[PDB]
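Student: Listed below, chain by chain, are the residues.
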Amino acid sequence: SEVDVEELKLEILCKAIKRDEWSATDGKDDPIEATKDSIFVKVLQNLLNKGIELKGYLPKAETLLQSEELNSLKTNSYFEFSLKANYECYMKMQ
Amino acid sequence: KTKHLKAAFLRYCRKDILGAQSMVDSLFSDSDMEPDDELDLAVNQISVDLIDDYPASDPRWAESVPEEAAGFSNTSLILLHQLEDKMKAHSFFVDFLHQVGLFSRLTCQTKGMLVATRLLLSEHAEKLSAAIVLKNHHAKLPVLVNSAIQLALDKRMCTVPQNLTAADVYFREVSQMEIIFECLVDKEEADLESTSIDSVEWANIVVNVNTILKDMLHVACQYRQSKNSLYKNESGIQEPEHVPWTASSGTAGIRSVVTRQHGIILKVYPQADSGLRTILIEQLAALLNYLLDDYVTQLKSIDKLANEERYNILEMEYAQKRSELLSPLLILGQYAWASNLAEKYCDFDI
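Keeping their order, the protein sequence lines are chains j and J.
Using the deposited numbering, you'd call the opening residue of the first sequence number 1046 and step up by one each time.
What the second sequence shows, in the deposited numbering, is residues 505 to 610, 612 to 855, in sequence order.
Bound-form chain J, shown alone:
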């Protein structure tokens, strides 16, 4: 219940300072229920509800201990450093789970995504707190306009100054600010006047969004190379980090995040009318993006067990008819990138 989550959130408050008291409030949490199938999924919905309050505003564990949690002013201009403090707060939070233990409880189905274990939601809230700092690092008038439109579509904003328009709640849900900064590249595109060779500046703004959605997917990938498991990607751990493991983010293939990627590929309509070097940089870019999508489908297919195989072989045909749709798209493109695409979904021989 709410009382239990609000007692663990108060034992994390003391975990920054000392461990002995908080280790007895985990030992008293072996006065738990102990039936695996749903009550361990009831301390799961507690560890998950705190990993949603550590990416949110000032997390509800704060007050008693005024750590790096503290109610940072929302009238400050310190938005980026304030959110770096929250990736550190969510990092000492994963450590003060790993020691106290916190070695169980596990995602099901969320937004068309199937996920093996709740512990993928800690990794998923971490990857989407690296995404936030990346688009906080890139702040310019086109992106901040595309943001203000997105936020006003989801709901109204308070007009008591406080106008980023906001971000702490659009970090727990930053995935939405990618399906809409695409719909604002398309309504910008309707006024791009790129009917033929006349438009130029307007095919430069469609690429500036393509670069940011791309390096945001680069950041989710490298934060899945910085693992902690001594079995899952040994490189980056106590073993040499000179060779990274599979450059996939271990994303579960969202049916709105994937759709906005297969939308911006079909903005290969610009490479029809564009100067020669420009058509290559957006082609290397759309190659760089698709080599994250084919990587997350590969990581998800690897995790499938032998029974229920009928669903596993149907998900294979679905990815194979998309590597087969990413190929006719690059049959007109440069085949210097075909050698790379073929190695990226490392078969795709046809």
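Just chain j, with the same shape it has in the complex:
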């Protein structure tokens, strides 16, 4: 609580989208979030059969607080289409 845990938790997940590069091909969304995609595939170790509460265990990541940092980087207009879209099949994954 002194050194800011959840500030860094955002700093990293935001540069995890800057490297992705949200683009568009012929007027259609380009999901660059291939690394953000993969990292959310890597958090789950199938802990459903490990007896861990995996169901409801991604509220580590923030959401409205994230687009605050996206505004600072000037990248909200590019990525906010698939940030929410992938955050829907991350509420079905969880």
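In case anyone wonders, no lab produced these hints; they're calculated from the structure.
Some hints here could point you the wrong way.
[Stated by the list, open to error] Below, simulated EDC-like cross-link-like pairs (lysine to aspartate or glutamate); rule was C-alpha separation at most 20 Å, straight line:
| id | chain 1 | residue 1 | chain 2 | residue 2 |
| --- | --- | --- | --- | --- |
| 1 | J | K592 | j | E1133 |
| 2 | J | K645 | J | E631 |
| 3 | j | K1087 | j | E1098 |
| 4 | j | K1129 | J | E822 |
[To be verified] Computed list of chain J residues with no C-beta within reach of chain j, every gap over 10 Å:
| id | residue |
| --- | --- |
| 5 | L581 |
| 6 | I582 |
| 7 | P666 |
| 8 | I759 |
[Unchecked claim] Pulled a few chain J residues facing chain j out of the computed Cβ check, cut under 8 Å:
| id | residue |
| --- | --- |
| 9 | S577 |
| 10 | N578 |
| 11 | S580 |
Ideal placement from N, C-alpha and C gives every residue a C-beta, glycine not left out.
We have chain j; now place chain J onto it with these hints.
Tutor: Same frame as chain j, but now just chain J:
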């Protein structure tokens, strides 16, 4: 008035959670008017106006209760799962009419279609919410181009991203996206260069649209086999579903939906110049479509009462001169399908 519809829409909001309060706001709705002929047709235009907001965007019952109604982001890519949630929302909506009751109020004339009862409009908004999920399941560049042309013809689109181009309002009116994805198969056809045997790929795109308009009519039919009435099609209810009833959608024979079907039959002009197996698959396809049109005319004719018979016998001659125009078309075609067409409009003996 608008206050009454917006009070029932707020009692459906509580019906997902508990019934006791919403059953007293239906008991206080026996402080109604009670003259059958038009004031029960004034709570009809309320139950209908909510079955048009449940197929639309976030339905105006939502806010107070944040059920499966909730203002789902229109910048999401979750368009199909979001519209599955709305066939479920329109399903618990028909149940929270059936229990609260909601056992009356009834369509008249709409777009050349005559319909016996308002309750056919719930079934009609359900069939055309199964149609939407079917053409959301099939998303490819030709169909999405034919859509973008249709939507831009009806009106302009907002260019603040948000470009499916949209769908929530083209589901309440998906019937229009079939008369135009035909006019975009014809302007694609003008550039198909199918003058004779040279063109091939271009007679494959005319069939890809024929398959989708067809399986969309298959979906309206099977959603009229999944009835709930214990008298109307007992199969699929508490009785064996191993034998489905009449495979008609109970459609009322639209004069623009029917015209685009009798247009794409006369795209039997391709079977003149086409490889042998291809001419059969589009023939089985145009047979599969016509056996939904002759089925909806049969279901509508069955519902006619004995008086006003002059209009009933003139609608018979009109269908009989179309089974008779569907026949010269299949007099050049395979007669292995004639046995089926004859059984489908199960007489058509001539």
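Student: Are the hints correct? Go through all of them and say.
Tutor: Tested hints:
1. Using a Cα cut-off of 20 Å, the hinted pair J:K592 and j:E1133 holds, with the two alpha carbons roughly 18 Å apart.
2. For a cut-off of 20 Å, the pair hint linking J:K645 to J:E631 is broken: about 24 Å separates their Cα positions.
3. Distance hint between j:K1087 and j:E1098 is fulfilled; the C-alpha atoms sit about 16 Å from each other, no more than 20 Å.
4. Between the alpha carbons of j:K1129 and J:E822 the distance comes to roughly 56 Å, so the proposed pair goes past 20 Å and is violated.
5. The claim that J:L581 lies off the interface is violated: its Cβ sits roughly 4 Å from the closest Cβ of chain j, which falls inside the 10 Å cut-off.
6. Taking the minimum C-beta to C-beta distance to chain j, about 4 Å, the non-interface status of J:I582 is violated against the 10 Å cut.
7. At the 10 Å boundary, the C-beta of J:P666 falls inside the reach of chain j, the nearest C-beta of that chain being 6 Å off.
8. Separation of J:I759 from chain j is adequate, the least Cβ-Cβ distance of about 33 Å exceeding the 10 Å criterion.
9. Look at J:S577: its Cβ gets to within about 5 Å of chain j, closer than 8 Å, so that hint holds up.
10. The beta carbon of J:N578 is not positioned within 8 Å of any beta carbon in chain j (closest approach about 10 Å), and the interface hint is therefore violated.
11. Taken as an interface hint, J:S580 checks out: its beta carbon lies about 5 Å from the nearest beta carbon of chain j, inside 8 Å.
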